[PDB]
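Undergrad: For reference, the chains in residue letters:
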Amino acid sequence: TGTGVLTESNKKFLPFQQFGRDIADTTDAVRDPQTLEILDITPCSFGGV
Amino acid sequence: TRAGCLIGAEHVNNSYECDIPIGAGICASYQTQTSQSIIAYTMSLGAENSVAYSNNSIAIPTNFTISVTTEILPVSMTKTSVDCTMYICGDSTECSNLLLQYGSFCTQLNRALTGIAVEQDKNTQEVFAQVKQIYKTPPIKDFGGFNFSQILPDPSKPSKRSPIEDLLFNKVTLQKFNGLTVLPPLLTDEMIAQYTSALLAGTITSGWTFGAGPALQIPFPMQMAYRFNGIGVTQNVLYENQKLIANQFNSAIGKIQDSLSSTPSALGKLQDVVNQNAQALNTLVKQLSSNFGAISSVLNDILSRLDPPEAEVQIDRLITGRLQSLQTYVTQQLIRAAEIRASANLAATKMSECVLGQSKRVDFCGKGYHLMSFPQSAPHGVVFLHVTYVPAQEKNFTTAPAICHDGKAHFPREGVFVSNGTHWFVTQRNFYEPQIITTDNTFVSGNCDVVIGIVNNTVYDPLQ
Amino acid sequence: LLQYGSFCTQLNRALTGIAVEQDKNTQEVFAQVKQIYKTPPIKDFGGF
Amino acid sequence: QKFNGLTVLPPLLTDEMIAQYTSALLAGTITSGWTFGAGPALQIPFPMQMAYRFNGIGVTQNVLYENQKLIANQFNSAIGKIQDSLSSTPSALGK
Amino acid sequence: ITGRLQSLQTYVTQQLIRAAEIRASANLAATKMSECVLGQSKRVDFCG
Amino acid sequence: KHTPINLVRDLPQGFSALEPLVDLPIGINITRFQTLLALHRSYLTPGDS
Ligand SMILES: *[C@@H]1O[C@H](CO)[C@@H](O[C@@H]2O[C@H](CO)[C@@H](O)[C@H](O)[C@H]2NC(C)=O)[C@H](O)[C@H]1NC(C)=O
Ligand SMILES: *[C@@H]1O[C@H](CO)[C@@H](O[C@@H]2O[C@H](CO)[C@@H](O)[C@H](O)[C@H]2NC(C)=O)[C@H](O)[C@H]1NC(C)=O
Ligand SMILES: *[C@@H]1O[C@H](CO)[C@@H](O[C@@H]2O[C@H](CO)[C@@H](O)[C@H](O)[C@H]2NC(C)=O)[C@H](O)[C@H]1NC(C)=O
Ligand SMILES: *[C@@H]1O[C@H](CO)[C@@H](O)[C@H](O)[C@H]1NC(C)=O
Ligand SMILES: *[C@@H]1O[C@H](CO)[C@@H](O)[C@H](O)[C@H]1NC(C)=O
Ligand SMILES: *[C@@H]1O[C@H](CO)[C@@H](O)[C@H](O)[C@H]1NC(C)=O
Ligand SMILES: *[C@@H]1O[C@H](CO)[C@@H](O)[C@H](O)[C@H]1NC(C)=O
Ligand SMILES: *[C@@H]1O[C@H](CO)[C@@H](O)[C@H](O)[C@H]1NC(C)=O
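Chains as they are written, first to last, in UniProt numbering: chain F, 547 to 595; chain Z, 645 to 678, 689 to 828, 853 to 1142; chain B, 753 to 800; chain P, 853 to 947; chain E, 997 to 1044; chain D, 206 to 254.
One thing to keep in mind: the hints can contain errors.
As the list claims (entries may be wrong) - Quick list of the computed label-pair ranges, beta carbon to beta carbon:
1. E/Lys1038 / P/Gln935: 25 to 33 Å
2. Z/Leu828 / P/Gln935: 52 to 60 Å
3. P/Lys933 / B/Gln787: 29 to 37 Å
4. B/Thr761 / Z/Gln677: 36 to 44 Å
5. D/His207 / Z/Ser813: 48 to 56 Å
Claimed, not checked - Calculated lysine-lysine pairs in the DSBU-like style (CA-CA distance at most 35 Å, straight line):
6. E/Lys1028 / Z/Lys933
7. P/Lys933 / B/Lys795
8. B/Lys786 / P/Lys933
9. Z/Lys811 / Z/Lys1045
10. P/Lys947 / B/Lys790
11. P/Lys921 / Z/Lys1073
12. E/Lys1028 / B/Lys790
13. P/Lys854 / Z/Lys947
14. Z/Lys964 / F/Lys558
15. E/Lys1038 / B/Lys786
No lab work stands behind these hints: they were computed from the structure.
Ideal Cβ placement from N, Cα and C applies to all residues, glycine included.
Given the sequences, and given the hints that come with them, work out the whole structure.
TA: Structure below.
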């Protein structure tokens, strides 16, 4: 689970990896079930006021 | 050794300059000329030279050299800012509700980081904003032979930076996270470059007068003549040697850009602040991956399968660990901010007393007698070009602190007494210029029979 | 201990920084002459 | 102090090397005034150097020359008193 | 582990602050050697 | 990792990274092993095998 914007990616996941993770313990991209597609995760915007 | 058992390096009897420090005076390095191995040796402190002390000999230089040295000072660092609630407890009301029960712990951290960020702009403002007006240089560069084009801005460039500070920006090299943001500085690089252009133009066209009051134009050879008069060399030195001095100054300025472009690690003092901030931020990010005891380090996974009545302890462990890590980061940044503020105060002092004045404090604006200084902006700091007077070649002269005339003892109004061995001359102290000793450059006091080590000569009274 | 992350790499780094700077302090205070000067054998300093 | 993970590293400059530095600085001062800080060390008779330092406060050199014996005696005495002061007052090295 | 680690952090922090103080003193000592030893200071009560 | 090689006899020098093929849930204990070769028949004496 998580929140963010989901975008087409050109990161060639090799047949064995199912989800990539950042330098912190949070996902950066995933593979969709039922269609087996690579999907980029970018955190959706935030900032101070 | 006295520092421990060292294995791998051959001990060499002879001494060299220190390259890689070991401790207790031993250093090591890679020779490559004699030894293609690693040698270790006792340091040499420098060359031995006895000085020719005697009770009756002086050494007065016959030439000089004008040297430009460079000094790099940090002024500010990146104004970072981090939010507790997202950093520790990202997008989870369930953990934020129990973060609230820690009270003010990290309204306090936000306050501290905001204080640092506000202080960085004050650092830059105090260093650079020393001029009430923006001064400009005239279109025609008739500076009596002095070439300043290496430090004045070039109109042909998209950014109005001089070649040297362009080189600096090209030599020092500087993402989206959870809760970490970087605030832009208040003064952009264009604005800081405009400040340094104002300072340089004011210096060139008005000496130090623009630091005290209204800027008063003076011709540049005349200004430099005054600064020579400042360190004890009569202006005729500059006027008779102006062409040589201008060529020498131009060559020294030209050498600076080549030195900066060819010798790395020159801007290490400025690269270190960005390296340290980057390292602290990287560590603060990497601390988010630590369990601290949690069944899982990622928040939503422990929340998603464990009912709150017992997932609360699991969340609490993570909360305390991350909060403590953030606190450590903030404290480290407070100490480093104190250090950078000390450096920025030193940079403000140096601008005041080397750029806006001519300093009598030895080795404060570079080695040698200080003439004048040029600021150049650098990313997150300032570079000073210190122009100094250095003696070059000396001769040994016999001396005496007084002269007898018809029983009367004369002392120098200015300078010292010297001789070739046949005839006695008075000269100023930093540049060999003999003159016949007259009643109008020495003064009378006492009689011969009191001072020790005095010589007989004739002194000429212009009236007869 | 491994589960606390880099708390120890940080402390070792900070103490190493302090220790390295302690040598820079002495180098900057005392290493202000490029070559070692020596006093003459005879001490004719005019009474001093 | 140093039994359970605490260790003390040796300083880079040994005391003989620091004493050699201060001997260099003091010898340069004695034999060449302030000239060796700016450029090449220029030998200068020490009474003459003190005369110019006096001149650096607004007292004409003729002062030092007319009473050099007295000034040197007084300076030797003042240096000697430092030894006794350090040897007799405790807490002098408190900092 | 928690107690000893936090004790070590306290020690390192106070050492950092004390090192900053010693650095200020060392910078003052370097300034004093320059301006009093290598020169003559016209600056009152700085060199005695 | 399968690589066409030109070196004379031994392992090459170029760095190459192996990537997983399969993860079999065998769950047995393994302590010894032996490779399986493919041997031709050059000749047949009547009883030797
Ligand atoms: C003063 O300084 C400069 C540099 O040390 C000397 O200038 C040189 O003068 C000679 C004779 O006029 C020229 O042929 C050279 O080309 C000059 N140097 C350069 C780099 O152009 C000058 O001689 C010095 N005076 C003394 C006494 O050393
Ligand atoms: C001012 O300083 C610079 C460097 O000393 C000089 O710039 C050179 O100008 C000429 C003619 O425009 C060019 O051909 C050169 O390529 C420039 N130098 C470089 C490194 O690009 C300029 O001439 C100087 N002015 C004086 C009077 O010396
Ligand atoms: C200044 O005075 C002294 C003595 O007259 C000279 O010192 C000598 O310098 C050379 C070169 O550095 C050494 O090899 C000698 O050993 C020194 N003398 C002694 C006794 O040690 C110096 O050269 C003089 N300068 C001039 C222009 O004569
Ligand atoms: C799920 O249905 C889609 C629809 O065509 C199909 O492509 C996919 O193979 C199905 N999932 C699996 C695991 O076969
Ligand atoms: C260093 O000097 C000592 C003194 O005799 C000698 O025994 C030794 O061999 C020398 N070592 C080298 C590497 O010159
Ligand atoms: C020193 O100056 C005198 C005075 O003119 C001169 O006669 C003499 O030749 C000079 N000494 C030398 C070595 O030239
Ligand atoms: C300098 O020392 C010499 C010793 O060779 C002595 O004869 C001479 O009187 C001294 N000069 C002065 C001014 O003391
Ligand atoms: C200087 O003159 C006085 C008297 O005029 C004389 O006694 C003395 O010897 C002279 N000095 C020298 C070096 O001859």
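Undergrad: Are Z/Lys811 and Z/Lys1045 close enough, with their CA atoms no more than 35 Å apart?
TA: Roughly 34 Å between the alpha carbons, so the hint for Z/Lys811 and Z/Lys1045 holds.
Undergrad: Does the alpha-carbon distance linking P/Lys933 and B/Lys795 stay inside the 35 Å limit?
TA: 21 Å, holds
Undergrad: Holds or violated: Z/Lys964 and F/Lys558, Cα atoms, limit 35 Å.
TA: OK: Z/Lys964 and F/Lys558 at ~25 Å, within 35 Å.
Undergrad: Are the Cα positions of P/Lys947 and B/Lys790 separated by 35 Å at most?
TA: With Cα atoms ~31 Å apart, P/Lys947 and B/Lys790 stay inside 35 Å; holds.
Undergrad: Compare the distance between the alpha carbons of E/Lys1028 and B/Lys790 with 35 Å, and conclude whether the hinted pair is satisfied.
TA: It holds: about 23 Å lies between the C-alpha atoms, which stays within 35 Å.
Undergrad: Compare the distance between the alpha carbons of P/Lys854 and Z/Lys947 with 35 Å, and conclude whether the hinted pair is satisfied.
TA: 33 Å, holds
Undergrad: Is the gap between the beta carbons of D/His207 and Z/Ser813 within 48 to 56 Å?
TA: 54 Å, holds
Undergrad: Please test the hint of 25 to 33 Å on the beta carbon pair from E/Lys1038 and P/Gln935.
TA: 30 Å, holds
Undergrad: Run the distance test for P/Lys921 versus Z/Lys1073: straight-line Cα separation, threshold 35 Å.
TA: 30 Å, holds
Undergrad: Is the gap between the beta carbons of Z/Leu828 and P/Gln935 within 52 to 60 Å?
TA: 56 Å, holds
Undergrad: Does B/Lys786 lie within 35 Å of E/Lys1038 when you go C-alpha to C-alpha?
TA: It holds: about 26 Å lies between the C-alpha atoms, which stays within 35 Å.
Undergrad: Is it true that the CA of E/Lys1028 sits at most 35 Å from the CA of Z/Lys933?
TA: 31 Å, holds
Every hint, counting from the list given before, is met by this structure.
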